[PDB]
Every structure is written in C-alpha cells, then in structure tokens.
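The complex appears here without one of its protein chains, the remainder shown in place.
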Amino acid sequence: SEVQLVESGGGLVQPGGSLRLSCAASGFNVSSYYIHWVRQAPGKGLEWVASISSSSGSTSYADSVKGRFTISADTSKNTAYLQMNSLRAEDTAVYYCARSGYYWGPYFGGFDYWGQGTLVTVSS
Amino acid sequence: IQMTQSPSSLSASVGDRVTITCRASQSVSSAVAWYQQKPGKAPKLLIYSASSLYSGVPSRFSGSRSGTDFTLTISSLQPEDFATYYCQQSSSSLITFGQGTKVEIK
Partner (left out) sequence: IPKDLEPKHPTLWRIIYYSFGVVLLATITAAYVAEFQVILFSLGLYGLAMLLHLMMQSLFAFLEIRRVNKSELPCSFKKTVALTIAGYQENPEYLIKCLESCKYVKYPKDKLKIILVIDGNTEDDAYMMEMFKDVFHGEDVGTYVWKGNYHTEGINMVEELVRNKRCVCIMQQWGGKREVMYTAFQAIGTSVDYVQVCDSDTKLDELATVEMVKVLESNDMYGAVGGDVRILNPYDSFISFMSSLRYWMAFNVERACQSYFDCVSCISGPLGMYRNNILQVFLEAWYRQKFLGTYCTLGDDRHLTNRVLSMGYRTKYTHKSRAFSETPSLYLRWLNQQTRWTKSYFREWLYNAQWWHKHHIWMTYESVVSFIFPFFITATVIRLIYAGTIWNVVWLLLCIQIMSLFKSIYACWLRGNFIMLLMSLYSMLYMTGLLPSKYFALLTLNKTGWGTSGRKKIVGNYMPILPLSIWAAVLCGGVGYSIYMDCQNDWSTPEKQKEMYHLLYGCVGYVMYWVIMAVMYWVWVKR
C-alpha cells in the first residue's frame, strides 16, 4: 500500500483557549513506528514540538511545550492526538505530522513520509 | 542541544558543487539527518544517519561526517534542486532542527 498521513483540527482559536489536532495514518500501524509533531511558524524554520511511541509509553516534549501540551495515540483508531492548552500568540504555525522508525544507537532513519500541514491561528 | 547551519544562504548556478555544513554541540549518541523543503511544500527526507541516503533520491546528494561537523554535498546543481535544506539532530527526549541554507539561482 501507500503510506499517507492526514492532519485535521486546525483553525482560529482565541488566546488562552484549548485546541485539538488529529493525525490519521494509512498504510501502516501507529504502534509500530514513531509519531512526531513539527511546527513551522510563518517566516521561520521547522521546530520540534512533541513525540510519542505507542505500545511503549515513551513521550517527549520541547522545553517550551512541557506543562502545556499533551500527546496521545489510538492504535484502534490509528490516530495521533495532540491537545494544546493555555494557547499564546507565538503558537501560530503550520503543524506537521511525521513518521519515523526507532532510535537504537547512533542510527535513526530520519523523518520519512512527511504529512501535510494544518494551520493554527491564535489571535484576538 | 545547539545546532548551527553555517551558510544560512547560498547562490550557485546550474552545475556548481554545493556544500552545506552543520555544527552540533554534541553528537555522541544522536543521529543527523538532512531534509529538503520547497516553498509551500512539506519537507522530504534526503540523508539519514549522516552517511546513508534515502531510496529514490538522485545519487548526487552525499553526506559526510567529520568530528562534530556534518556535511551535505551536491555535485551538480540541477534546475529542480533549488529549495531550503534543513539539518536535524535526532535523539530520545530531545530533537533539534536547523535553519536557513536556502539554495537560490544566481
């Protein structure tokens, strides 16, 4: 089959509110691979946000993401889920959902089969 | 923890060799990958593990490692090879991306 990733849930949200994003995966299993969320601010570069590995409980966040955002996964629904709270103006970007293998030692394999982008607008 | 893409800008003609190098604070147990992103398009993986190349990409792209420096080289700059190149350090509980290094025609 063909590996596909679709991002949904973007939109306009008032500052200080809550937002939900879903990453639906096709052609593979979420539990067998890593899922990461990458931010691309307008006029800036790619920035990592959070990552998770299903069937293992491993979870990671960035320094500015810890304590605010949460990431989960649903193997039955094969969908990654990102819940963002206490939103601020600097949180507007084009969120990306990426897939990868495992870390092992010094060999990773990179972020292959990148998904599309979803827009989040946090302004009053 | 800190990643620096040295050029941050490059202007080369078609056929000129292009070299982009990346500096990392530490690379003892972290892999380095090189991605290419076009304006408005999602990035695509080019080089993984800092030495191997992804299947399907042209063989022109080459990756090398020397100490804490990681180098990406393009032998011939094709007319469709003008985009923004991102250097990423991947590790558990910490992932850092690069910036800049957009190859443009001259």
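Read from first to last, the chains carry the letters A and B; within each, the first residue is number 1.
Just so we're on the same page, a residue touches a chain if its C-beta (ideal position, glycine included) is under 8 Å from a C-beta of that chain, and two chains touch if they have at least 3 such contacts.
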From the listed residues A:9, A:10, A:45 or A:101, report the one that touches the chain absent from this view. A:101
Identify the residue among B:4, B:19, B:21 or B:49 that touches the chain left out of the display. B:49
From A:14, A:29, A:64 or A:121, the answer for touching the chain not displayed is A:29
Listed in rising order, the chain B residues that touch the chain left out are 48-49, 52
In the full complex, which residues of chain A touch the absent chain? 28-29, 31-34, 53, 55-56, 58, 101-109
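Heads up, the rule we're going with is that only the chains that are shown with their structure count from here on.
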Provide the C-alpha centroid distance between chain A and chain B, rounded to the nearest whole angstrom. 22
Which bits of chain B are touching chain A when the two form their complex? 29-31, 33, 35, 37, 42-45, 47-49, 54, 86, 88, 90-100
For the complex, which residues does chain A have touching chain B? 36, 38, 44-48, 51, 58, 60, 62, 96, 100, 103, 105-112, 114-117
